[PDB]
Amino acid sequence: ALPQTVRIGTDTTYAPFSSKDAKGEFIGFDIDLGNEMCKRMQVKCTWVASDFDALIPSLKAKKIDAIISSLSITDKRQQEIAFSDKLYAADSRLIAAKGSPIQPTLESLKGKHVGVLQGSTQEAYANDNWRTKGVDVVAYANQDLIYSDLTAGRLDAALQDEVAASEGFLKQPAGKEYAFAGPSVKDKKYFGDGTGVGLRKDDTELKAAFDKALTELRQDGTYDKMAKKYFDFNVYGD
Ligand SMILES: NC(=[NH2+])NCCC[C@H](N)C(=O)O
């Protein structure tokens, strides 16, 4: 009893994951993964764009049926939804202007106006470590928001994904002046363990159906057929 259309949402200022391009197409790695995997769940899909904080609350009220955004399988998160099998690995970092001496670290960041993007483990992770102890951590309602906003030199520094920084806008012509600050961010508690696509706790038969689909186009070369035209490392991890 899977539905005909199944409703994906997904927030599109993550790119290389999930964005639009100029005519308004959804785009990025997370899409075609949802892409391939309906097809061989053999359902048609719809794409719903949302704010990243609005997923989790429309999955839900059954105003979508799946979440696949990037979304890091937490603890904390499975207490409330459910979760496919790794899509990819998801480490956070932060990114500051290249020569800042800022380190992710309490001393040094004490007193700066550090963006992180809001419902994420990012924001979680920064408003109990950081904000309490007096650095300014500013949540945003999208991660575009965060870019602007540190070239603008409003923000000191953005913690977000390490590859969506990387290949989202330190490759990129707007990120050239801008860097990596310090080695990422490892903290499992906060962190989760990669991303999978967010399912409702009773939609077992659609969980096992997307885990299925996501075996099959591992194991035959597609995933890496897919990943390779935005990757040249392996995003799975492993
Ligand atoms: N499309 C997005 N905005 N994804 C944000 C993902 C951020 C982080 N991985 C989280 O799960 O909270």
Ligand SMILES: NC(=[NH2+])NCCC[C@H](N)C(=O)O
The other form holds:
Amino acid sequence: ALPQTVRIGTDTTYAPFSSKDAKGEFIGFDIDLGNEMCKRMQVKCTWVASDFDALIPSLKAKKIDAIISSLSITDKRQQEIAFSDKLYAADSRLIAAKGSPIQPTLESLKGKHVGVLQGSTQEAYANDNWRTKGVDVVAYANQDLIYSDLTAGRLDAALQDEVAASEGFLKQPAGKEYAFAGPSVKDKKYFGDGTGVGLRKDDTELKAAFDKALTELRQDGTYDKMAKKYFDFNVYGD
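Would you mind giving the form deposited without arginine (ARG), to go alongside the form solved in complex with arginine (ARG) above?
Below: the lone chain, stripped of partners and molecules.
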């Protein structure tokens, strides 16, 4: 049976997806998506701020009923929990100097120096797909140093999370002469298959209810109106 009130956990330290405003209200694209789906589902939802690492523990313990916190649908989490259909994509993309002919192909990158953040999903992807094949992939302890090396011409490109690179560098003064080089790199093994509402594997009516509501708001155009506030590109992906 559907919960009388669905408690949704989110980590509010990730603008533009989940944050708190000056009044303490939850704001952001995940929050908009979440509230709209509860509306169509016709349930009461309550947002519970939580640290990201506590979210799947809290779900499993039944402290919350759903997670909407940019949670990407990876194979390893599918082992533990269930997911709604994709809410939006969470892919990576190369950033280079405006007008660069660089592409995310092995053909284009051989010879180049690509910076990657050490220990991220991007380094895993870049190491298996590109560094083993002779692209010079350099891993950085810190994101600041990646951006300064790119700016300094020490790096030819940086592989980063697409939305993070958009919001956090190509929109900053420092990124004005830089741009995405080529299309985003999609790989379910390293980046997952978009993000989705995290749910208990057993709660199939609640998954059905979120899936129905998400198709509806996508079909009547509400998804696009909502995305328009934050993103000038197709966040949904394919």
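Numbering follows the first chain given and starts at 1.
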- Query: Hey, with one rigid portion rotating against the other between these two forms, which of 191, 135, 67, 206 would you call the hinge?
  - Reply: 191
